[PDB]
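Trainee: The chain contents come next:
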Amino acid sequence: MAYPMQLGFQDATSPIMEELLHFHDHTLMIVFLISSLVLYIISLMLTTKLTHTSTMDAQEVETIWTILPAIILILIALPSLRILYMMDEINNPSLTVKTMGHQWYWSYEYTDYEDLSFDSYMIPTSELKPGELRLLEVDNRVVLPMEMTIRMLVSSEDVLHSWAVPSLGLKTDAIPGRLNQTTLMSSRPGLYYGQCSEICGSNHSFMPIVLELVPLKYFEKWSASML
Amino acid sequence: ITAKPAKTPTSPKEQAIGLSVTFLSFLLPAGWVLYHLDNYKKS
Amino acid sequence: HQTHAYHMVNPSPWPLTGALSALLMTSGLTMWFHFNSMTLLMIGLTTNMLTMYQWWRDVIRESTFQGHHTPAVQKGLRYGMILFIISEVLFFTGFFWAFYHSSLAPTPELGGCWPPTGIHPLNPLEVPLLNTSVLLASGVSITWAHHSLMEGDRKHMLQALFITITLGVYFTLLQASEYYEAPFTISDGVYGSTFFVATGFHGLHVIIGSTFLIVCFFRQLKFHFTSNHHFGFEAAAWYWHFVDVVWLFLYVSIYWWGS
Amino acid sequence: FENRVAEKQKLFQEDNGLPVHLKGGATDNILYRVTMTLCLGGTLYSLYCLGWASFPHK
Amino acid sequence: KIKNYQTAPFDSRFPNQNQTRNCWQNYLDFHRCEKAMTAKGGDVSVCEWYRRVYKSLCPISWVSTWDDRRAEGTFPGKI
Amino acid sequence: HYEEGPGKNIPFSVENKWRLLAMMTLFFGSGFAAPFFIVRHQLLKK
Amino acid sequence: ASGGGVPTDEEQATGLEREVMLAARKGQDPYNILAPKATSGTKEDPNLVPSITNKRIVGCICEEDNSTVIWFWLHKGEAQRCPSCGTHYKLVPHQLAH
Amino acid sequence: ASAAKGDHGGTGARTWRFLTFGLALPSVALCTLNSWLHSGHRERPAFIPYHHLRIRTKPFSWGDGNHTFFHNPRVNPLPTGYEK
Amino acid sequence: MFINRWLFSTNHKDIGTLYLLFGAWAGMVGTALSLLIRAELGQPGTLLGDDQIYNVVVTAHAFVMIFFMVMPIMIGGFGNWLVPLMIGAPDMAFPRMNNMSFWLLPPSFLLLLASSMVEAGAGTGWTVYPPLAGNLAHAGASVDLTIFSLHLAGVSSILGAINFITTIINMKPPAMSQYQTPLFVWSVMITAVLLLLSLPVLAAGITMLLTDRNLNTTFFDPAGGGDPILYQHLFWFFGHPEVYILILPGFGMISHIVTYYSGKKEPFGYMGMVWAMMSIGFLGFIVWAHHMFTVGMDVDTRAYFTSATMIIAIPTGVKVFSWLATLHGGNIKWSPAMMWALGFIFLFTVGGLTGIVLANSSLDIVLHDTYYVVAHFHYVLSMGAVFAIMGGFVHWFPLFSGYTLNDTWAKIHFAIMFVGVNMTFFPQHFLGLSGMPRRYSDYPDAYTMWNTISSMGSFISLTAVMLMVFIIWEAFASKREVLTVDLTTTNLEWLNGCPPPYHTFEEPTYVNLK
Ligand SMILES: CCCCCCCCCCCCCCCCCC(=O)OCC(COC(=O)CCCCCCCCCCCCCCCCC)OC(=O)CCCCCCCCCCCCCCCCC
Ligand code: HEA
Ligand code: HEA
Ligand SMILES: CCCCC/C=C\C/C=C\C/C=C/C/C=C/CCCC(=O)O[C@H](COC(=O)CCCCCCCCCCCCCCCCC)COP(=O)(O)OCCN
Ligand SMILES: CCCCC/C=C\C/C=C\C/C=C\C/C=C\CCCC(=O)O[C@H](COC(=O)CCCCCCCCCCCCCCCCC)COP(=O)(O)OCCN
Ligand SMILES: CCCCC/C=C/C/C=C/CCCCCCCC(=O)O[C@H](COC(=O)CCCCCCCCCCCCCCC)COP(=O)(O)OCC[N+](C)(C)C
Ligand SMILES: CCCCCC/C=C/CCCCCCCCCC(=O)O[C@H](COC(=O)CCCCCCCCCCCCCCC)COP(=O)(O)OC[C@@H](O)CO
Ligand SMILES: CCCCCC/C=C\CCCCCCCCCC(=O)O[C@H](COC(=O)CCCCCCCCCCCCCCC)COP(=O)(O)OC[C@@H](O)CO
Ligand SMILES: CCCCCC/C=C\CCCCCCCCCC(=O)O[C@H](COC(=O)CCCCCCCCCCCCCCC)COP(=O)(O)OC[C@@H](O)CO
Ligand SMILES: CCCCCCCCCCO[C@@H]1O[C@H](CO)[C@@H](O[C@H]2O[C@H](CO)[C@@H](O)[C@H](O)[C@H]2O)[C@H](O)[C@H]1O
Ligand SMILES: CCCCCCCCCCO[C@@H]1O[C@H](CO)[C@@H](O[C@H]2O[C@H](CO)[C@@H](O)[C@H](O)[C@H]2O)[C@H](O)[C@H]1O
Ligand SMILES: C[C@H](CCC(=O)O)[C@H]1CC[C@H]2[C@@H]3[C@H](O)C[C@@H]4C[C@H](O)CC[C@]4(C)[C@H]3C[C@H](O)[C@]12C
Ligand SMILES: C[C@H](CCC(=O)O)[C@H]1CC[C@H]2[C@@H]3[C@H](O)C[C@@H]4C[C@H](O)CC[C@]4(C)[C@H]3C[C@H](O)[C@]12C
Ligand code: CUA
Ligand SMILES: [Cu+2]
Ligand SMILES: [Mg+2]
Ligand code: NA
Ligand code: NA
Ligand SMILES: [Zn+2]
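Residue numbers (the authors' numbering), protein chains in the order written: chain B, 1 to 227; chain M, 1 to 43; chain C, 3 to 261; chain J, 1 to 58; chain H, 7 to 85; chain L, 2 to 47; chain F, 1 to 98; chain G, 1 to 84; chain A, 1 to 514.
Accuracy of the hints is not assured; some may be wrong.
Straight-line C-alpha distance at most 35 Å; calculated DSBU-like pairs for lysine-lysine [to be verified]:
| id | chain 1 | residue 1 | chain 2 | residue 2 |
| --- | --- | --- | --- | --- |
| 1 | C | 224 | F | 43 |
| 2 | F | 55 | M | 7 |
| 3 | F | 76 | F | 43 |
| 4 | L | 18 | A | 333 |
| 5 | G | 58 | M | 41 |
| 6 | M | 42 | B | 129 |
Just so you know, the hints here were simulated from the structure itself, not pulled from any lab data.
Can you make the complete structure from the sequences, with help from the hints?
Mentor: Here it is in structure tokens:
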């Protein structure tokens, strides 16, 4: 989850999210450099009484400032697209889970073997237990096995929603009539939080996602107990 | 640019009036609605 | 007094009556869709027609009667009409995109096929083909009218223009009959939606273009056009070729390929 | 028909100060008043309809 | 054959994020197979791979609507 | 013709600065107040 | 087959359209449809700038394909020079019978 | 199916009238024949209350709310089937 | 005389004035909506109500700022005032149609206000996606009033685009080529081409939404075989060109301001500036699906839209560097309009660079529908389009009015606004990276500190807006009449004095061909 005064991304929980952090660091360095360079050149143009107001030839200098940005773009695009395609790589999941968005809660279906499904609603602030997080806890968490490749399929039975978990680098829109796929792999046990990420009406702010990552044997017994 | 001196000079006192009236024209109606929000919701 | 060639237009109420007519038509449609009433809509349609009538009347007064359409003014009106037609092309482009989006990737609700299960399209070799021949023919006859006008031939201009208008009207009646006879409706899923909204906007433009040709016919009867200066006719002919070309795209895409 | 454009050219070029939308004579004034009256009256009616639709009706 | 089925495998016909047609196709294939088997008095057990794949992939409400429409005579796919 | 020159090419008078202040106050103030009263209106419904 | 009945511009053009059309026949350009051709621009051979009043704005493109146009008021009287490049211009006021 | 006429000395009104009466209107007359030989009412298919057809998410703003604008009783079933 | 002049106008300056007044009033409405957003978010919990009333406010905030403040001010206001004067033309090509483009906007605004007063308002986002905007989740008139408001604004701008293109192509002096017209004129022509091509597609899409809501079509409804994602394609095919429509006239005014207050007769690199604006206009039509990286598109499509979007940095970077090269060697006049332009150059660059971060579809997975997007676009809109507007307004106010502003107050105003907007939007980057979603009326507790700061920033900007109104009042109250303006030889729009006569260029300029 996010923590107070946080400046950057939530800590990576999946190898893909770690890849994104390093790529963002790379890109942010460029952003800082270019924005600093512009601010600095502004100040330099503005800090002298010397003048040169006759006509200035432009041809030579515009090579520089087309070719250098083209090069920089290519240095961004190459690792960007590498991560893109690696996110698309085939991985062979060992479990499929579906989630359906609704106004205003998520339901989950785990139907590889038995007919397991349940709804997952925000815990009202007046019902939080001490230490629990406002607007983020749910009554029924999405329990999943850690250290395994999971296929998540996302749809909606009413308006658009979007199923997001920032620390796993996940955000997949929930579109009625459509079954969108993403892949999930947690390197660690724990609780990973996300929030509905497509405006969906009166309680869009209040339909969160909590994943609970545990060892496979615990997931199996939980699954049995949820039938 | 150059310009003539003001045809109808606006003294500091007059500017203080204009600025006060301007500010109050934005602040009082919104302030009234926001002050009474509870009475609107609790209704 | 001016020494450029451009037209300073007299102050005019019609921009405002047109803008208000747009308010009345849109709030009228809202009242009709949600509050079971046609009153505002009928007022808006009426003021819209009055606005168009007096505005274009005044353009005729400014040009035929007062002489303000120098070559520079005409050149601007040519650009304006071409740009207007470009915007209408992009408007239709959105409906063709919607048609191809739905028909190239038919969803499970349709049976996963195109045309959808339960839809029986019209035969494109029957009335749709007749319609194609009608509008193509009207493209030939309006070209005859244009050359007759340029050659100074009043009678044959009028005859060719009358033929063009008659074909436009024939297309419109054939399409009205086809609408009535069609076994599918606008509420028949995305097939009926794309079919009727795309051909329906085209049909409206055929009516608009036929009205414009009819304006030109009466202006010609009244000798307004010269053999060299007749931009209302030129613009109506451009608009008419646009309507003919949109039809050919509809016929090939929706009626034929989409059948 | 006969070509009477010259007569209309005389009419609409007459040095009477009238704007082109009224220069046809008294009928222009009537059609103008009808149009403006429908537009202004219709616009007031539409505001009334907004007012009505702005509140629930049980 | 392929038991110890865990979940639906990658299927080169449906390699993209949108998996709607994968659910739909296996649903059709299963019910096509079951109609063919039940008619000629065979065993629906050969239809099982399609059954497991569609149950893994398809939203419960889609399967349920489709089943309801098959029973009503309004299912628009060909079985 | 029409009036030309500073203060004359605008649809509002600038002949008296205090009448002008009032006009500008109603003009910009009505625009800024409108969303607050629309919010109130929607709250007073339900 | 063939007949007439369509008015020509010569017969029916009126107003400014007709003025433009008639002047063009005479090779004249009272309504500024054409770009004037430059003289050498010397004080002896200044560019002659028609006007229906006693001043007119000149735009001077100093060198061929400059994108910058230099604009100034040319007043009746002695020729004036373009601020940027010195090219001379002289106003030739008249009544629009020119 | 290509073209094959061959005029072009200098396009004029006479040529476009020739095309109008010699090719364009005869084409319309021939397709008008073809169409009036394939007129005649096809038999309406069994009604099936498919859920992707006869959509009603809001009543129409005319009539009883349930008839499309150019409703033809012979060929356009209502959501509940053909009218009597 | 009053009705003839101001309701029946055929004059490009007066219509320009009408647009400036309309957009200023809209700016107040949109500012108030923005303070309601930030009041709701200025402390954790719920202030107003749930997400519906909240997102009616958000939705209206965006439509007001875009369609009733920026575009009427830049194109209708500065465009109409400046473009004919900058080419020596006696008015626009279609001076009476021009007036209808103006008069369609008060009814368009009325329809949007009506949408928020009836039922529960249109709480859809300014993108108006179905099915939330459809007739089951948004039953009743509000969304249809919104659609119609967009129709009228669309017609207004399409006809204005026709007017501007025609005027700029057809009504220059016969000797002036397109490559001798000022950059602001180029920027208006290119924006008008973008409006002409993009708005009909929006009109098609919203008309399809209207018929899905009222005529039982199913373009966007899977039950009939429709697709919500088709709506998004049609909307964003318009929506990305629209943001270049919002910034290009700003780029044009920035070029004039930087040139003028550097004491230069011309911008650096004129043909490169033309090339860059044309390139931006063209590339702006082939990138729209970077608004859709999370909807489920194939990977190769995402790779293409990532790559095409980033290309736009190249021509935009030429413009930034060319502005810096225009300052270079200048005799810098530190006027208030110059300060606005300098703030533009830097803050626009920051917002463009965060847009390049977002262009990377892999990272956009995590940033999409978060406040990082909100931070990107308010850097280019509130510190870009708005700064160019304020710069142009202070620079040309003496031309339009004949009176001078108090420069010391105008510098105070800039200073206040600069603090306020940066305090509002800079912390939003952190909220977005750390995962706060868009269109939320309340947030998990961790996000409190930056939301609190952001809302305090928004009140600083309110104070600047109030001060702006006072400054305009003080100028008209004191009546300091303009005497002399520097650099008229390269700024034709000043050469007829301040304000210019109702009719200018009755006798056109003399320009020879040689
Ligand atoms: C840029 C617009 C103008 C700036 C406006 C505000 C200026 C003040 C701040 C700003 C002063 C400039 C320094 C900027 C970064 C400061 C925070 C940071 O450590 O950012 C870190 C990252 C990711 O973080 C991590 O994963 C590691 C965290 C490391 C923690 C160590 C402690 C760091 C110190 C605590 C920060 C205090 C919070 C500041 C709170 C600030 C609230 C207003 O976040 C991000 O990506 C933020 C993404 C922003 C992208 C826009 C770049 C524009 C830069 C313009 C600079 C030119 C010169 C400015 C020269 C400035 C003068 C014009
Ligand atoms: C003025 C308005 C404006 C402008 C000009 C832009 C400009 C750009 N924007 Fe946009 N943007 C918006 C207004 C604008 N934007 C809005 C309103 C939205 C949200 C819509 C909504 O959802 O409601 C949005 C959303 C948006 C998204 C979607 C993000 C998401 O929803 O998840 C993306 C993604 O690619 C994007 C990217 C860009 C880029 C690459 C540019 C480029 O044009 C910027 C190029 C500029 C530079 C790069 C700076 C100058 C360059 C140099 C100094 C050269 C050297 C630089 C490099 C080598 C990198 N923008
Ligand atoms: C031009 C576009 C524009 C502008 C200027 C702004 C200005 C501001 N916006 Fe903007 N905003 C949007 C376009 C804009 N916004 C859009 C498109 C969205 C997305 C909507 C959606 O999600 O659907 C949005 C969303 C958005 C949100 C996110 C809401 C959410 O996700 O829940 C927030 C939150 O803080 C925000 C706040 C502000 C604030 C504090 C300002 C302040 O900076 C405003 C301060 C005041 C001014 C800048 C003055 C205004 C101008 C004048 C008074 C004109 C003067 C006239 C003359 C000189 C002639 N806006
Ligand atoms: C539901 C029903 C349909 C609804 C209505 C649909 C549309 C109707 C459209 C408008 C029709 C209007 C018709 C106007 C006809 C004009 C006739 C009068 C003018 C005229 O007859 O002019 C002559 C042309 O004649 C001529 O046969 C003109 C003859 C036109 C022929 C038309 C087609 C019929 C021909 C059958 C021949 C078949 C050939 C097939 C092979 C073709 C291979 C290409 C030329 O003569 P001229 O001596 O140079 O004179 C010059 C002064 N006029
Ligand atoms: C040549 C034959 C006739 C062609 C022209 C006919 C009329 C078209 C009029 C306007 C067309 C404009 C909008 C098109 C909307 C849909 C109409 C589609 C064409 C049509 O007429 O469709 C009919 C349905 O009409 C219906 O719903 C109701 C139609 C009437 C209500 C229209 C609602 C208003 C919509 C306004 C859209 C906004 C305007 C666009 C703004 C663009 C701004 C730039 C089809 O009838 P059916 O009974 O379903 O099936 C036939 C079965 N026997
Ligand atoms: C974020 C963006 C940045 C990304 C990176 C960009 C880096 C850009 C760096 C570029 C450095 C280029 C420097 C050029 C300066 C040298 C030229 C100059 O400044 O001098 C002028 C040359 O002008 C001539 O002809 C030739 C034409 C005029 C030359 C002056 C104009 C060029 C100025 C470029 C300014 C760049 C400003 C910063 C932009 C980043 C005048 O010279 P002359 O001898 O003719 O007259 C002198 C008279 N004598 C002969 C008697 C002495
Ligand atoms: C444009 C105005 C007049 C239009 C008249 C119609 C002209 C045709 C244009 C469209 C051509 C494609 C139409 C395809 C329609 C489906 C038929 C088809 O596609 O047939 C195929 C060949 O098609 C093929 O286009 C082969 C290619 C077709 C060529 C047709 C003849 C014209 C070619 C020259 C045109 C002149 C030059 C134009 C200027 C460049 C194969 O034959 P099938 O019959 O499928 O049999 C298969 C069996 O197993 C079935 O039992
Ligand atoms: C059932 C639906 C009802 C509502 C829809 C509209 C209904 C009907 C509209 C039909 C349009 C008729 C337009 C008549 C224009 C007459 C004025 C005219 O034609 O004016 C001409 C100028 O052209 C000009 O302005 C050109 C003016 C061009 C205007 C028309 C372009 C068509 C616009 C239609 C609106 C479409 C909207 C579609 C939206 C989906 C005058 O110049 P000349 O002809 O050279 O004459 C001068 C010579 O005489 C000198 O010798
Ligand atoms: C949901 C329902 C929404 C309905 C909204 C409807 C809104 C609008 C109400 C429209 C009322 C129209 C009244 C007639 C307007 C005629 C304009 C015209 O014809 O404009 C002409 C210029 O435009 C030109 O040519 C070329 C352009 C001609 C344009 C004709 C008008 C089009 C109006 C609809 C435009 C959008 C169409 C769809 C695009 C997707 C003439 O320009 P003026 O400045 O007048 O004179 C110049 C003088 O020199 C002439 O002597
Ligand atoms: C987001 C933009 C808004 C910015 C904030 C506005 C800043 C302050 C504006 C002041 O507004 C006034 O404040 C008073 C309170 O200080 C209110 O009086 C209210 O409170 C008084 C004291 O309790 C009573 O005397 C009055 O009757 C009662 O209306 C009054 O109505 C309201 O106009
Ligand atoms: C010069 C400016 C012109 C301004 C004219 C103002 C005209 C005002 C007439 C009032 O009309 C109201 O509107 C509806 C129709 O006119 C009627 O409602 C009814 O009207 C419909 C009649 O078609 C029915 O469908 C509905 O059941 C029902 O709500 C209602 O009784 C009637 O009082
Ligand atoms: C040829 C054309 C106009 C030159 C003129 O007639 O004045 C110029 C104007 C801007 C120039 C472009 C811009 O300066 C941007 C690029 C600069 C690179 O150095 C070459 C390609 C580059 C894409 C240039 C190619 C070409 O020289 C352009 C397009
Ligand atoms: C009366 C008029 C002669 C033109 C003139 O000199 O006034 C003639 C010449 C061309 C005639 C029109 C054309 O021949 C075309 C049409 C032919 C129809 O058979 C009669 C109406 C029709 C519309 C004719 C009406 C009228 O008799 C017209 C208009
Ligand atoms: Cu569900 Cu937002
Ligand atoms: Cu974009
Ligand atoms: Mg989204
Ligand atoms: Na012609
Ligand atoms: Na809140
Ligand atoms: Zn010179």
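Trainee: Are the hints correct? Go through all of them and say.
Mentor: Evaluated hints:
1. 224/C <-> 43/F: violated, 57 Å
2. 55/F <-> 7/M: holds, 30 Å
3. 76/F <-> 43/F: holds, 15 Å
4. 18/L <-> 333/A: holds, 31 Å
5. 58/G <-> 41/M: holds, 32 Å
6. 42/M <-> 129/B: holds, 28 Å
The structure fails to meet hint 1 from the earlier list, while all remaining hints are met.
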